[PDB]
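Peer 1: Residues per chain are reported as follows:
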Amino acid sequence: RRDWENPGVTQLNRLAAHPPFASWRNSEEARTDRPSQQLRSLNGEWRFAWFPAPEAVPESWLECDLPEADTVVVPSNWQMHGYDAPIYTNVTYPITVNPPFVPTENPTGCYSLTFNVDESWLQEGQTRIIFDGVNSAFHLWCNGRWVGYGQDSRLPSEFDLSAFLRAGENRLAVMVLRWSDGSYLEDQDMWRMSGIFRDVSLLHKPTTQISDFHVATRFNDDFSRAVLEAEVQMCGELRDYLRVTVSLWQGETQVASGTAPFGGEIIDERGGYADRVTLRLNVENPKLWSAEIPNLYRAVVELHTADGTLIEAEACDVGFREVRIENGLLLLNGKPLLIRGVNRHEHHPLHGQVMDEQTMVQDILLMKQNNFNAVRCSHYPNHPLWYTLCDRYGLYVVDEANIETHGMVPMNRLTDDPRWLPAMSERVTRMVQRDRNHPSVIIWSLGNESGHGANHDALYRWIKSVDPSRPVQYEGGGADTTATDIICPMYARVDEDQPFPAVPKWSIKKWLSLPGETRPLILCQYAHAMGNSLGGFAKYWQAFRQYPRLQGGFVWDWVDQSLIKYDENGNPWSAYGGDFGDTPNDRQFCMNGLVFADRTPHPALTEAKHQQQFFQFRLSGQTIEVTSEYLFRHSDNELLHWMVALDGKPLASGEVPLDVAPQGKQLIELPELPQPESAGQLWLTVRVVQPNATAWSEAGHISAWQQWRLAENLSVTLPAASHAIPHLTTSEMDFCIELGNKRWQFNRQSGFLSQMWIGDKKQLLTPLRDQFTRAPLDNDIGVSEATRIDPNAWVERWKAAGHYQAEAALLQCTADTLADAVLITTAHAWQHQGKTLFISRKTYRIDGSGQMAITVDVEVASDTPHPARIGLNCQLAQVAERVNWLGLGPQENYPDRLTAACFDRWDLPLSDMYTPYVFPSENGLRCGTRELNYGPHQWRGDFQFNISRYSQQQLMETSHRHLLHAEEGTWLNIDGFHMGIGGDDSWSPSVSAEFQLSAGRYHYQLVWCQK
Amino acid sequence: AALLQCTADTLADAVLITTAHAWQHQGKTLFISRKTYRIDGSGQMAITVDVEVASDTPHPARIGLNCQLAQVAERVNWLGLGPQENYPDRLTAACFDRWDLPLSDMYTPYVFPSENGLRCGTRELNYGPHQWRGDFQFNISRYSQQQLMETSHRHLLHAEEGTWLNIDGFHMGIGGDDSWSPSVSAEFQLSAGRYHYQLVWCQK
Ligand SMILES: OC[C@H]1O[C@@H](O[C@H]2[C@H](O)[C@@H](O)[C@H](O)O[C@@H]2CO)[C@H](O)[C@@H](O)[C@H]1O
Ligand SMILES: [Mg+2]
Ligand SMILES: [Mg+2]
Ligand SMILES: [Mg+2]
Ligand SMILES: [Mg+2]
Ligand SMILES: [Mg+2]
Ligand code: NA
Ligand code: NA
Ligand code: NA
Ligand code: NA
Ligand code: NA
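Residue numbers (full-length UniProt numbering), protein chains in the order written: chain V, 14 to 1024; chain B, 821 to 1024.
If you're looking for bench data, these hints aren't it; they were derived computationally from the structure.
Built from N, CA and C at the ideal position, the CB exists for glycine as well.
Among the clues, some could well be false.
Which residues of chain V face chain B? A partial, calculated answer using Cβ under 10 Å [said to hold, decoys possible]:
(1) 694
(2) 722
(3) 725
(4) 728
(5) 830
(6) 833
(7) 836
(8) 868
(9) 1007
Model the full structure from these sequences, guided by the hints.
Peer 2: Here's what the structure looks like:
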């Protein structure tokens, strides 16, 4: 039948979908969510053989183990075991577009398991098998007999195995197809893998059983009273003596309980549902659920007889909260949300798409610790445990159907096709059926990048009809179609419109007010954290805070999808698209996360953390005003620490308890500040520290910070005049300057400082020269590639202008002696094919104190693309252990991504001064630096710098960090000016005008001396 | 202006004068100006200026130089924005070209006198025998900033001797969203803390 090439057959013999069950046979276990002996895991070692097509599978496998099979752990993705290659393709489908067909060579994974079943499960009741995740379709046999088939790789497929098993040993056989017509609906931008990748379990339920249950909670106007409504359905024989009891508990206290026989109210001319009952429980002053305080109750649903015998129990965590859109705003418990969200795919660098509880927990804790309060399931329903974690830790969730047909042309070709409505319907309906009792899910999504088709409209209505408790969103077709309650664009800019035909991406501020528009706007994806990125992040937050209807967004995205490979030496390395021989592929576009695949943060996460703070601050005088952005909680685990330092030198500090109601303000007066000892800038830094541990943080966690400059006393004191004057030696070849133990050499033919010595030690490996380029970031390169250049990408503009190839022409090099110093004057022109790109005029003035003051004035031709940077660079001879500086830090920071950095004195090992992005590029800059110390050298001024053992040239020539090699010495890049890094998206220029070096003329000054 | 340093060095084909000053009030140093004047064998005087402004002092209205020239000439010719008066936050209509007007057109007769007649984006200014070149903003007229600020009606102003030249490296915006509260937008406030500008003064 080739059911895998027919969108009309998405399953055979599969059981209905329903919320998580466990069939407890003890009610107390159900109350506390204890393991159920009736719900067994079949995870562990299974038998597996790979074939190139279903046609190659031997019939013998149905009845007997294949001797050639191997033993492997399940769940797993077979690519992760090496049986075939995983493929990283973004939009283009990994298979030829010829719906509903798939390739004839279609990798088939044959899995089997011999396992025991006790007679007690078979004497009464029903025994079903549950596959929580099988990618992408499969047939199942039990003891040689065919049982059924299923599609939708991200929802559980359940089959009744009652009539197929026997006491003792039994054998399952699962034939899993890599590609199927379901693949047409699974075009998400992620690695393409396959296998039995989520749990497999066996559940025993009695013949008379709870087959479904829906919990709703409704409130009065101020949320001081709620009614919990639980509709319960049964299967099996109706009998007057059956009863359902629904009890609600808060911890160990029973709050309410209600019992009723089956028999629902009249629904229409034919009667009501005799197989259902709805229990209604009143709750006075309920403790409400929120991401701020995830208060939970437990609903326990008991199926029993009137005389008191329990048949079985099911149950769930219940969070009392209301979600609604009113007057253009999304409200939770009546208050308007500010979504500090992130998209998160299910990805593990070693396990592929298999998720585990440790990793899940680790992600949620980092999220919370980084001031995220919400997550979008991009782009499919997740492993069931994720929802339980979000309910208990407290995160708002966007649950999204596993529907993405991005590679179709036009994008809605299938979603506007009624013949695809069935398949799409089950992807939405089965998800709601499974997840509708989780309080953490606050919004449903119809899928991702599948255009806008009538199928969407039908499904949007279906959800609105069956679950009015939550809004429905969907971005396809323009982000604001009739299929979305929320304007949910991806990568729309704050102030800049991108007026694409048919599906424009308007500036978000402007979008809200188009004629007739009244919906809230929450970006489904924003700020593309690929590589050195997140430039412009603060611009979103300032807009979200100023505009009521801009209610936030989900950052793109949480974690890089890099996979681990091993080199010839067995050492691991991070790989991306094309590294498995996969092609076509989309190379590094699979890595766009705030964190690396192992969960180590990239520097951008700190930027997110700061912009997403829940406390805002203002300073007036000595008065700090703290305003809380919490909607529900008081600041009862928070104190404010303040410190004032003079040029990094600590002057005073204190602590004050924060006592701020939600949305309230607190005024803190700082104490009088005595006058600092000397000249300099006083700076105030305040931080909010949580003194007590929480379920998601350690005691002492810092949740927010901010700084301000205080009084400045400019230095007006004259330095004590040199007890010696420098000596110049002129030669045809060089201008040399000597002063004591020091010596500086200026090459007269190049016009550069080519060498310096301290004692008899040379300090330079390469001369000090102007630098106007950077090893291109992912955002500078965009979609450009050698075989397919994007002439609009910054990198190509610079390349085409000759920025990377221009050579300095010396125009002038002179030496003069002053009363107390020697003065070298240079001027160089950088040219390309006859065009003068930049002109650098400098003076170096070396005085009796041993200091070399460098003044630089650059001219940039107005018609050349604005340059990446304006600075100097050199390779120093030394490698020292520490980097110490007075400037912004401690982490990497760029012009358009420096708000989280603080001005202070920082000292880190040199390796921390390098950010190991997988795809290497310019990295490690620190901006707003007034002093930098390395080895015996000190440089002072107002500049940006990076320092590491890798040259810009090496960085731009290397595609994978594991291939980099430390060079002799230390490469220092000191910039007077650096361009922004951008990031609103990674496929089009995204550096805002104010961060482009378009001024024409630039000036900067450095003092280089010994320390 | 307290003098912190004033030196002279003779060079190969010029004389360099270096100066440093601090403006203070009550003991607070508001601004520091560091300059070098380089006079070469060609007769040109290159001035370089580096100013520091205390971060805690209100952002200043301008950062520039001024003098009263002895000369009074009929025309003003410049290469920059014009022809009419233009300020940083009000110069979109002005065009960059070579303009030449009579001196009085370089004065705007606001009934309540104030700073006026500036022209921005100027690369060369000619007045009588003088020529200034660089990238500055300037105004030029027979009235001192002092006179403007102390006179409340345009009809009471009197031409002073000579000509007042105000040449700025930077000038704050004029604002106008309203006239009863501060309205100069942040981007047009002089808050950079350190400012650099340079000019060359020569004859003809
Ligand atoms: O992380 C990748 C990102 O891609 C966006 O799609 C881009 C695509 O990368 C680009 O090659 C093409 O020019 O434009 C597409 C946008 O139309 C996806 O929108 C986003 O979801 C991610 O998949
Ligand atoms: Mg099918
Ligand atoms: Mg037991
Ligand atoms: Mg047997
Ligand atoms: Mg896509
Ligand atoms: Mg214009
Ligand atoms: Na808002
Ligand atoms: Na991607
Ligand atoms: Na507190
Ligand atoms: Na590179
Ligand atoms: Na006046």
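Peer 1: Now tell me if each hint is right for this structure.
Peer 2: Here is what the structure says about each hint:
With 10 Å as the threshold, the beta carbon of residue 694 (chain V) comes within range of chain B, its nearest partner Cβ sitting at about 7 Å, so the hint holds. About 5 Å separates the beta-carbon of residue 722 (chain V) from the nearest beta-carbon of chain B, less than 10 Å, and the hint is met. Contact between residue 725 (chain V) and chain B, as hinted, is supported at the beta carbon level, the nearest pair being about 4 Å apart and thus within 10 Å. Proximity of residue 728 (chain V) to chain B holds as hinted, the smallest CB-CB distance being about 8 Å (cut-off 10 Å).
Interface restraint check: residue 830 (chain V) against chain B, minimum CB-CB distance 8 Å, threshold 10 Å, status holds. For the restraint placing residue 833 (chain V) at the interface with chain B, the shortest Cβ-Cβ distance is roughly 9 Å, inside the 10 Å limit, so the hint holds. Because the closest C-beta pair between residue 836 (chain V) and chain B is about 8 Å apart, less than 10 Å, the hint holds. Look at residue 868 (chain V): its Cβ gets to within about 9 Å of chain B, closer than 10 Å, so that hint holds up.
Interface hint status for residue 1007 (chain V): upheld, as the beta-carbon distance to the closest one in chain B is roughly 8 Å, under 10 Å.
The structure meets every hint from the earlier list without exception.
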